[PDB]
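Peer 1: Following the hints, complete the assembly by docking chains AAA', AAA'', CCC, CCC' and BBB with the ligands onto the known chain AAA.
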Amino acid sequence: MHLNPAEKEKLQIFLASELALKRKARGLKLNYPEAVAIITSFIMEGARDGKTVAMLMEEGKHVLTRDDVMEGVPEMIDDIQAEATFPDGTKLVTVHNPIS
Amino acid sequence: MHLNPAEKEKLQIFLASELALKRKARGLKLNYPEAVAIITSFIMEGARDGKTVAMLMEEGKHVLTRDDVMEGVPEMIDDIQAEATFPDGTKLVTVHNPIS
Amino acid sequence: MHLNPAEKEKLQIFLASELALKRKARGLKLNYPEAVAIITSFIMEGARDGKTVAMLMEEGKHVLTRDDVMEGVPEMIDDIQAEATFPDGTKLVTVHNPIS
Amino acid sequence: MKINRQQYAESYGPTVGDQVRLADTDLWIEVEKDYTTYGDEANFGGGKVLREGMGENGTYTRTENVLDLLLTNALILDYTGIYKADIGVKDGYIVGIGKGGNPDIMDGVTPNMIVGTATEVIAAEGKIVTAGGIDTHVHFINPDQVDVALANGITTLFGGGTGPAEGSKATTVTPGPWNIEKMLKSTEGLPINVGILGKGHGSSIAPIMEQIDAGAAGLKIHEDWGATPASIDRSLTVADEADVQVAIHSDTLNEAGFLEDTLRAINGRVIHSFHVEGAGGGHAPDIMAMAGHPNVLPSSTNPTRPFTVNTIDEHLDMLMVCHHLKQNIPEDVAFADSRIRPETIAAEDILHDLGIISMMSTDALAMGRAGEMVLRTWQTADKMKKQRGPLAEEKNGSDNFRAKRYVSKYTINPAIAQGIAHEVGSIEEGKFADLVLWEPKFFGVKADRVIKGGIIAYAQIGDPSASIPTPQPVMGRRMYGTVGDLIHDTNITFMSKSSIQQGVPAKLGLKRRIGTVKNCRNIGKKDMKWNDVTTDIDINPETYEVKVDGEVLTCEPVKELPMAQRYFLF
Amino acid sequence: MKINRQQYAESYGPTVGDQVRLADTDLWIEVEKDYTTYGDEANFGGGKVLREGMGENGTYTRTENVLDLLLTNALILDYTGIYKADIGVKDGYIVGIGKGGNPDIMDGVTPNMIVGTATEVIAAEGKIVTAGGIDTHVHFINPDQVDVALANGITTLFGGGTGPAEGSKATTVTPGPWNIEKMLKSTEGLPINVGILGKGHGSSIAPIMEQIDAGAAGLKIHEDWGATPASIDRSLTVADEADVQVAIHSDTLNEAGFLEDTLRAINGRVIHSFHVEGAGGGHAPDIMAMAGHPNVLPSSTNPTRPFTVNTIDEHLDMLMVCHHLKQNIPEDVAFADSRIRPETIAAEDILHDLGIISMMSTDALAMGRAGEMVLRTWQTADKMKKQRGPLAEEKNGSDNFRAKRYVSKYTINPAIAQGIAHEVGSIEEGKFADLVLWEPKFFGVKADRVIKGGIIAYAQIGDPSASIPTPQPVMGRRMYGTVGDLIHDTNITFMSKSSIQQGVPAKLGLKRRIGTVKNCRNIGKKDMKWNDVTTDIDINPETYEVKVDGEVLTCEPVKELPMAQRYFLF
Amino acid sequence: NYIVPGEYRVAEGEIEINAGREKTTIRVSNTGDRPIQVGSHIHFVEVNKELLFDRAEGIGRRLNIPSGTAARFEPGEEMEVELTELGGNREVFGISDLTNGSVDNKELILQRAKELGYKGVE
Ligand code: NI
Ligand code: NI
Ligand code: NI
Ligand code: NI
Ligand SMILES: [O-]
Ligand SMILES: [O-]
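Same order as they appear, the protein sequences are chains AAA, AAA', AAA'', CCC, CCC' and BBB. A prime marks a further copy of an entry chain.
Following the deposited numbering, the numbering of the first sequence begins with 1 at its first residue and continues without gaps.
Following the deposited numbering, the numbering of the second sequence begins with 1 at its first residue and continues without gaps.
Following the deposited numbering, the numbering of the third sequence begins with 1 at its first residue and continues without gaps.
Following the deposited numbering, the numbering of the fourth sequence begins with 1 at its first residue and continues without gaps.
Following the deposited numbering, the numbering of the fifth sequence begins with 1 at its first residue and continues without gaps.
Following the deposited numbering, the numbering of the sixth sequence begins with 5 at its first residue and continues without gaps.
Because the hints were derived from the structure by calculation, they are not lab data.
Treat the hints with care, as some may be off.
Said to hold, decoys possible - In silico DSBU-like pairs for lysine-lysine, Cα to Cα no more than 35 Å straight-line:
(1) CCC:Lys559 x AAA':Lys29
(2) AAA':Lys22 x AAA'':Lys29
(3) CCC':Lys182 x AAA':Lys8
(4) CCC':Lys547 x AAA:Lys51
(5) AAA'':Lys8 x AAA:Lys8
(6) CCC:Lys431 x CCC:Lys395
(7) AAA'':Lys29 x AAA:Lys61
(8) AAA'':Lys24 x CCC:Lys326
(9) AAA':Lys91 x AAA:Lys29
(10) AAA'':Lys24 x AAA:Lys29
(11) AAA'':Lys24 x AAA:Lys61
(12) AAA':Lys51 x AAA:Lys22
(13) AAA:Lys8 x CCC':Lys431
(14) CCC:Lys431 x CCC:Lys48
(15) AAA:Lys22 x AAA:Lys51
(16) CCC':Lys326 x AAA:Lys29
(17) AAA'':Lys51 x CCC:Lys559
(18) CCC:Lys385 x CCC:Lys526
(19) CCC:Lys441 x CCC:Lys48
(20) AAA:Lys24 x AAA'':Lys8
(21) AAA':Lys24 x CCC:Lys385
(22) AAA:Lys24 x AAA':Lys61
(23) AAA'':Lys24 x AAA':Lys24
(24) CCC:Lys385 x CCC:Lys559
(25) BBB:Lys53 x CCC:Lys326
(26) AAA'':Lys8 x CCC':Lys169
(27) AAA':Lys8 x AAA'':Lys24
(28) AAA'':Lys24 x AAA':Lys22
(29) CCC':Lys385 x CCC':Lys547
(30) AAA':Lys61 x AAA':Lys8
(31) CCC:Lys326 x AAA'':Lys29
(32) CCC':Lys185 x CCC:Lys507
(33) CCC:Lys441 x AAA'':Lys8
(34) CCC:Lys547 x AAA'':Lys51
(35) CCC':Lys185 x AAA'':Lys8
To be verified - Chain AAA'' is nowhere near these chain CCC' residues, computed Cβ spacing over 10 Å in every case:
(36) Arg5
(37) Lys33
(38) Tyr38
(39) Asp91
(40) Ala165
Where a beta carbon is used, it is the ideal one built from N, C-alpha and C, also for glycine.
Looking at chain AAA on its own, in the form it has when it is part of the complex:
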């Protein structure tokens, strides 16, 4: 596979996101690390899909809403940042105030 250090670490994000999505599917309000994991994995999978940085800056604001998360979680998350390999190489995505 020839995994580099970043590829190994970022598998962890996907896994945390899968864990969080199972918790959301059985009716739990998500916590801080759960919410961050879901939005982060969403950005990385969007880059893999070939979306633009601009598309993911918009979409990342609509992945989870206030009523998906515990009290205070929206205000704890000022922004989520992820780097992924786009068709044109690694780019940084910052999603501002992802949960309104």
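Peer 2: Chains AAA', AAA'', CCC, CCC' and BBB with the ligands only, in chain AAA's frame:
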């Protein structure tokens, strides 16, 4: 996400449990680490659900039965222990003789 | 669970394979590490199922075809090797030119 | 007052006549004797015996017959016996095997096994305790290989390599003075005992000998460097002068000679014959005949151990891919067919059972598995019991004779072969405290605790954030013996007498314990514990049939093994 | 007997006139010459050439023209040429490039490239071998950054920082004697070569100079510490006395001066201009005009490399979030718009292609990617070939001219700029054996093996529990060169002449090889290999249009790159 | 324009090995009952005693085959091989200890070969 060392390690348990549940779904009798992973992940997800320690001490005895596991596995597992964050903080769950 | 070093590492392969299979399910042509992960996990799960080394040498050539992967990926993968615990202990599987 | 035997065994571990199943095998070991005094057993905890004025002596300073560590109630499995005892450690060495506690109030206390203020306690009740494994066929290719070896109870790695260089990927060789110096320095960070083999190749003495003076502990002759009559001869001349062992992987191709030519070059001198069955290398097809000779110390590597239904398919393909051989080139197919032989692999199982092959080893990362030497030893003993029956020598329905024959293959015999059995390889007074605790349900599969120089180096232990050490996930982890400067005191670098006399450790700044290699040149097959059989082995050049005492040695491959899918996640 | 060219290349790697594709790019390199003697190629394995009495000499001791290591059949890609040779290493240095083996029986053996008893072998047939990358813009923020750099073939890190302190998160600065001493000690555990930059700020000489005497290898001038005429002047006065390089990130804000004021403070003295395009920092909007001057050694950082459709959206947002700027404050938006300019980023691609920007660097963890300097160099060369065509200087349809121009940007040019090219930066006899092996399919993406001081430090290798090293999972792993005391011999700490003369290594107990920084003050743009062009660069203050020789430099951003989604899991 | 990452585009032509060296064809027989495989660079007179050939014709020579390849002799197999000349100093040390110096000492090489029972000393 701000993962601490325990959060990083315990992702491994969830992953092993997902692996074991796929093996059980395609008709395999589970082995020792498979059985331990499934019951452990069940306890941690139960704490996340807001169950009590007493509820998980009871439920953990009914997750897998003799006919789910290979010969000798029930007698290899004297007890399974897991710590998780309950609504009232970290607690230890011990499930005694989980597979009769 | 009593995980040894190899058991811990090989959980990573299963995880990468799950990631790759989700990417394939939403219509992406797979890349080099994705393709290697899927075929590797297939071999390890086949050993767990109790298949023979000879059966997995044959099957591993039919898991992914040319039209599942990006241009050049078939020619980048000369062979995929995996060790797993068969009913008769650890064995090495080599799949030659898995994607024609 | 009397205690029934079930409750006694549950509290203190088994006693005389009790039997224990080894993992999920058919093999039973029986307690032969017990050093305890019934009612004065040592144990540690709340209201237990090892307390001040009671089983712990409160009078004596550490120097006064007090232990640094007592392992209580151990079931020892060793070439010397299968028996119940306390094990006392001091200054990193085994100083007493017997009964520990306080002579103030207890009967039968071994006089140098006082539990005092200075004494740590490990509870071994219900554990099997063995010597650490001695692996003498290690390729140093990937440092991640060390934890793999510790997890299966290996405590000494002998071999060679500089990491994933082609020379090291093929051969157990650290070549020349500079690569040897570099790997002695690397060894300062490896939490396991180590000895390094130089290149056993040359036609002049000086290029070979300068490796021994640089700090090599032995030599490896390998066909990939030219296993010629000259290289064999010069290596054994160096070894006889330097008192180190020579390992050989002979000329598979028979290019400069057949087996009888290699034996003539050896000329009755002592040599360690690696992977003697020959799948791992050697004169095609008859190399295994080496194991009959009195001057040969013969080892197997582990992937042929034992003979299974997947063995041949796996080996034939592995050999073809590793040698870049083509299925459509008839010379390549003929070579593979001459090297991978069900006839010699089947006979190798039986030669182990008969005590004609004396040793096991891994061939870690070159054609063998770093963490499966102990594992496959017991799988082999189990298969032989199923196919050949209890050996004639057995009594009480126990497998004690077979268990001592097999434990010797990866503990004391490799240590004797290498010239290091004064330090390691058995649970005896005066030897380094390299000890492995096993839960019987995991015996030979996953070590509970590995002690190196009297400090735990490696353990199966749980969540470091938990209230107690057992909650999930329980996995193999490096312990305090591996951390900081303690890695220096808990591990031995084995070196030649000449490199030690010439001050190589001081020149390189080595802080590890330095072990001396010695007494390797006037041993033979007769010195292999429980595995001392010499015999004429005949290998038919047409059919590859192996005969000993006019009888064909053959057995069937098995479809299933114990110590396999019950235990492993992959 | 004759071998067809396809089979020859498959067995021994390519020979004269053969071409190889670099990863999945359009770039082809062609073998210019070959040092071999056809039929006497060196190779290692069963029945192969490097065997005792054959291609391995069995006579000579290590001192007698014998190698510690031979890399066989390497395709070298270096500023000095693209050619086929064996590479001989001894005492951690490259001692011979030519033909290795045994003069007993082989023609054309380079006299100091004897394969003997002391020689390890690495097979480089079918590999591309380059010098280790020299990254001169490193923020020491997160120690996990070292493996990231090794995985993409970087072997030297020059920069500054104390970990994730704000000063270090913004600037390549280890400030003052105490922080420098602490980070020299930290460096003892980093498996990569290192040189540390002090703070290039002050109005008195002594506060700056005491950093050089403490063991700094250079200085960094950064606007966040005040890139004022005084700080520039004092730093260059210190550098001219101490013979170390000065890097500059100029006054973006034009607060104390415009570019012409910074150049007047520099006063014709040698300086390394970091991220010269200016997105990473510098006089808005015209900093890139620095790259035209004869006393400027100009580097790019990697996130602008090359110009892609996501570049501007990514940079504008990154700049706003990292500076806590608000989208609704017009001064903040004006600042961002003045700094992130498609006009200068597009021209930066072309200035690289023309040899006007001499160097690449990362800006690791401050505004750049630790593991993408090599990656983005080749993506840039590939984009320029697609948009501008083969350069005029090319022949045979090969991209050799472009490949030597681009490999120079991350190997020899940074080494020359820093005063360390006597030790590192190229595959030449007499230089430190920092070598990177690449499979051509992974060239510039993932290194196969990284050699540091003649021992493998880092490798893509598989399961440590397996019979062989290739089974999954194959991932980047630290090798024996990083373990124990060997980390000291395989890596260099670069330091000022004055700190070395004053005994700083002994005072701090540094065990690493100590490299001397020298010959940094009487070089210029003319000393940059293949990248020596001086010219008047005009940047229009209204439109940000870049002109060279009266011609607007512009190109389109690309939607896709090679060396991207075919290779990476995320 | 299909991209195979890292692919070769080899030039036209063929590579002549051991160019300008004398070639010699000889018949060689494996008189033993086990296979013998001989590498490209072993001094040919020093191969396995049970290979029968004119030992004098192996002196100062090796197989004219690609570097790193080998010739295989099954038990009882007789076949022709082509030899080329050793180069460099034309000295051989070690291997079977038949030469230990110049390959020009044919008389001494053959006397050692005959005493030790290398077949084919005429
Ligand atoms: Ni071998
Ligand atoms: Ni080996
Ligand atoms: Ni900057
Ligand atoms: Ni910077
Ligand atoms: O081996
Ligand atoms: O920067």
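Peer 1: None of the hints should be skipped; say for each whether it holds.
Peer 2: Verification of the hints:
1. CCC:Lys559 x AAA':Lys29: Given pair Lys559 of chain CCC, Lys29 of chain AAA' holds - Cα atoms ~18 Å apart, limit 35 Å.
2. AAA':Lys22 x AAA'':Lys29: Holds, because 25 Å separates the two Cα atoms, which is no more than 35 Å.
3. CCC':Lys182 x AAA':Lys8: This hinted pair holds, its Cα atoms lying about 30 Å apart.
4. CCC':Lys547 x AAA:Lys51: Judged against 35 Å, a Cα distance of about 34 Å means the pair holds.
5. AAA'':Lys8 x AAA:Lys8: It holds: about 13 Å lies between the C-alpha atoms, which stays within 35 Å.
6. CCC:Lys431 x CCC:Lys395: Between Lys431 of chain CCC and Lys395 of chain CCC the Cα gap is close to 30 Å, so the pair holds against 35 Å.
7. AAA'':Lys29 x AAA:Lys61: holds (28 Å)
8. AAA'':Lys24 x CCC:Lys326: holds (34 Å)
9. AAA':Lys91 x AAA:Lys29: Holds: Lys91 of chain AAA' and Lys29 of chain AAA sit about 21 Å apart, inside 35 Å.
10. AAA'':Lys24 x AAA:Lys29: holds (30 Å)
11. AAA'':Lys24 x AAA:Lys61: Roughly 26 Å between the alpha carbons, so the hint for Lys24 of chain AAA'' and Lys61 of chain AAA holds.
12. AAA':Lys51 x AAA:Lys22: Roughly 17 Å between the alpha carbons, so the hint for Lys51 of chain AAA' and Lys22 of chain AAA holds.
13. AAA:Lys8 x CCC':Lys431: holds (34 Å)
14. CCC:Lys431 x CCC:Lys48: holds (30 Å)
15. AAA:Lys22 x AAA:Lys51: Since the Cα atoms of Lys22 of chain AAA and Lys51 of chain AAA sit roughly 25 Å apart, the hinted pair holds (cutoff 35 Å).
16. CCC':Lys326 x AAA:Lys29: holds (31 Å)
17. AAA'':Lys51 x CCC:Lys559: holds (11 Å)
18. CCC:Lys385 x CCC:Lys526: holds (25 Å)
19. CCC:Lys441 x CCC:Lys48: Roughly 26 Å separates the two Cα atoms, so the pair holds.
20. AAA:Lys24 x AAA'':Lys8: Status holds; Cα separation ~27 Å.
21. AAA':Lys24 x CCC:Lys385: holds (33 Å)
22. AAA:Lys24 x AAA':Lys61: Answer holds: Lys24 of chain AAA to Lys61 of chain AAA' is near 26 Å, not above 35 Å.
23. AAA'':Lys24 x AAA':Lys24: holds (24 Å)
24. CCC:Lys385 x CCC:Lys559: holds (16 Å)
25. BBB:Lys53 x CCC:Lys326: Holds, at roughly 29 Å.
26. AAA'':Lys8 x CCC':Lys169: Roughly 34 Å separates the two Cα atoms, so the pair holds.
27. AAA':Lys8 x AAA'':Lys24: Holds, because 27 Å separates the two Cα atoms, which is no more than 35 Å.
28. AAA'':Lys24 x AAA':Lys22: Status holds; Cα separation ~19 Å.
29. CCC':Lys385 x CCC':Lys547: holds (21 Å)
30. AAA':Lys61 x AAA':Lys8: holds (27 Å)
31. CCC:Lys326 x AAA'':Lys29: holds (31 Å)
32. CCC':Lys185 x CCC:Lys507: Since the Cα atoms of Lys185 of chain CCC' and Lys507 of chain CCC sit roughly 23 Å apart, the hinted pair holds (cutoff 35 Å).
33. CCC:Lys441 x AAA'':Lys8: holds (21 Å)
34. CCC:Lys547 x AAA'':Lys51: holds (34 Å)
35. CCC':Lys185 x AAA'':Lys8: Distance of about 33 Å is within 35 Å: holds.
36. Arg5: holds (19 Å)
37. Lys33: holds (29 Å)
38. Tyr38: The claim holds: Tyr38 of chain CCC' sits with its nearest Cβ about 27 Å from chain AAA'', beyond 10 Å.
39. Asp91: holds (35 Å)
40. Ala165: Per Cβ check, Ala165 of chain CCC' is outside 10 Å of chain AAA''; nearest 33 Å; holds.
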